[PDB]
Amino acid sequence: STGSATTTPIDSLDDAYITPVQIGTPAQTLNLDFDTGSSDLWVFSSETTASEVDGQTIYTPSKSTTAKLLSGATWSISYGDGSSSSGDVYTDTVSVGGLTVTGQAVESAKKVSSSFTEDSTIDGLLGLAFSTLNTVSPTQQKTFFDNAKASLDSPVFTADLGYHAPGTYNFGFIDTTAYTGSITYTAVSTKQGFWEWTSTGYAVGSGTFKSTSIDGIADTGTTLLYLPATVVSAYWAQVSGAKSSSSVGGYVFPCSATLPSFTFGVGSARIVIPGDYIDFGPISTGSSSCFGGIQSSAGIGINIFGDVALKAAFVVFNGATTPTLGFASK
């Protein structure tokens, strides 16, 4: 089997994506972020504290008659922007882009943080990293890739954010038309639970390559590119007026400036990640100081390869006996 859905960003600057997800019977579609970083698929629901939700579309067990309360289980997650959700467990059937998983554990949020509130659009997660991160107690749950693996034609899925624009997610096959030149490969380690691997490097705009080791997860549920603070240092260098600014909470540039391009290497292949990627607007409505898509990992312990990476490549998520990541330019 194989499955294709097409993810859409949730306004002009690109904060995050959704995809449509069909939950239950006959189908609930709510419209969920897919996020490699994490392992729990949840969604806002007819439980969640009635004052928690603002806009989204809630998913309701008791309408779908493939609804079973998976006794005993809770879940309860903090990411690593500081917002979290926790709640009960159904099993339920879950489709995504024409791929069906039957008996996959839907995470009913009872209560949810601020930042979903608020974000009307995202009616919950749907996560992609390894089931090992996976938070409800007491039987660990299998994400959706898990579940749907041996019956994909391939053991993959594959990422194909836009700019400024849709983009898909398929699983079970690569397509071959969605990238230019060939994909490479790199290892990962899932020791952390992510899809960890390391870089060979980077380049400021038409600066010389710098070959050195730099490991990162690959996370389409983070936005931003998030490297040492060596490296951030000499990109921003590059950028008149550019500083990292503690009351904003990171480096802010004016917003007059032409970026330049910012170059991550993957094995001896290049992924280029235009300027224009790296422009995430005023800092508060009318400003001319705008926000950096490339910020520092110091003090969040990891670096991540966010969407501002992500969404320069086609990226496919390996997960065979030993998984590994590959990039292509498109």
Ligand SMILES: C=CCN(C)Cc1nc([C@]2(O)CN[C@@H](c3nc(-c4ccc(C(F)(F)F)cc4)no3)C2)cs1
Given for the second form:
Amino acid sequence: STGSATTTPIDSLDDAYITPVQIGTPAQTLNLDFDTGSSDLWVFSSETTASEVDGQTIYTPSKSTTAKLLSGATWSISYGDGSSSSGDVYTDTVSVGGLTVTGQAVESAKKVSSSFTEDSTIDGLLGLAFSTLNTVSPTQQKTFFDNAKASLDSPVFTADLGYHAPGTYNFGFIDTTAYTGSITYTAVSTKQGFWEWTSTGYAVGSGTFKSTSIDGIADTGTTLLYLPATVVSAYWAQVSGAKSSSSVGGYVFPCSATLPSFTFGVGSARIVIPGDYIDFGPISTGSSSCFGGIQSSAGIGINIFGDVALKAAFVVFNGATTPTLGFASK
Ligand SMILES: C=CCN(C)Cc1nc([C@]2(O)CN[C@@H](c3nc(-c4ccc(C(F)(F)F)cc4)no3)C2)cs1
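Having seen the form deposited without the named molecule, please provide the structure of the form deposited with the named molecule bound.
The complete assembly is shown below, putting the previous chain first.
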């Protein structure tokens, strides 16, 4: 089997991407943030504290003939930005772009933090990291991809995110019309539960390539590109007026600037992020200070190839027995 679904940015900055997901019988369609950096499928629901729901579409398990309480199971997760959610668990039928998993764990939120409440466009998250990160207790649950894997034509999914435009998540096949050139595959470590790999280096603008190993994760659920402070300083040094602002929380640059591109290495291949992809716009409405899309990973503890990086490529998440990541230009 295969599936294919369109993913759409939630706002004019590509802050996140939402993909429609069918849950239950009759189907309830919720727009979920597909997150290759976590492993929980959770939704706003009829159980979510009323004061914490503000415009989201909710999953109502009592209206699904295929929903079953997963008795005794609870979940609780926090994300790298400090947000969090928690609740109980149902199993139900879940379909993405025509691909169906029966008995998928659907984690129903009883509580969500303010950042989730405040984002009316995101109805939940669909985690696509390795199931070893799933937070359901006492019986850890599998991701949608892990459950679908055996049924897929090929044990892969692909992320083809758009720049200020819709994109595609495919499961079970590689769309050879969706990229240029060849896909370069690179080794994955699953030891931390992430799609963790090692980039071979970087270049800034038209500069020469610096060969240097950068361990990091491919994370569709993170907006920006987080790299070591040395790399990030070398990038922003090329932009007149750019500075790291403690009060804003990262590098800002004059909105009057044209940004250089940033290239990252995948083995012997190269992915070029256009400078425009690194512009996240005014720090506040009307400001002439703009927020940078390349930021330091110092104190995160891990480098993150988030959407800024991934949307410049066609990305293959190969979940074969020996997992790998593929990157192609597009
Ligand atoms: C070893 C150190 C790990 N440390 C915690 C840094 C990391 N962090 C992650 C993510 O937690 C998973 N991938 C990212 C993600 N963030 C979201 C999200 C968060 C908030 C909203 C809200 F604003 F609507 F609330 C929406 C989506 N979704 O995914 C972050 C992986 S590694």
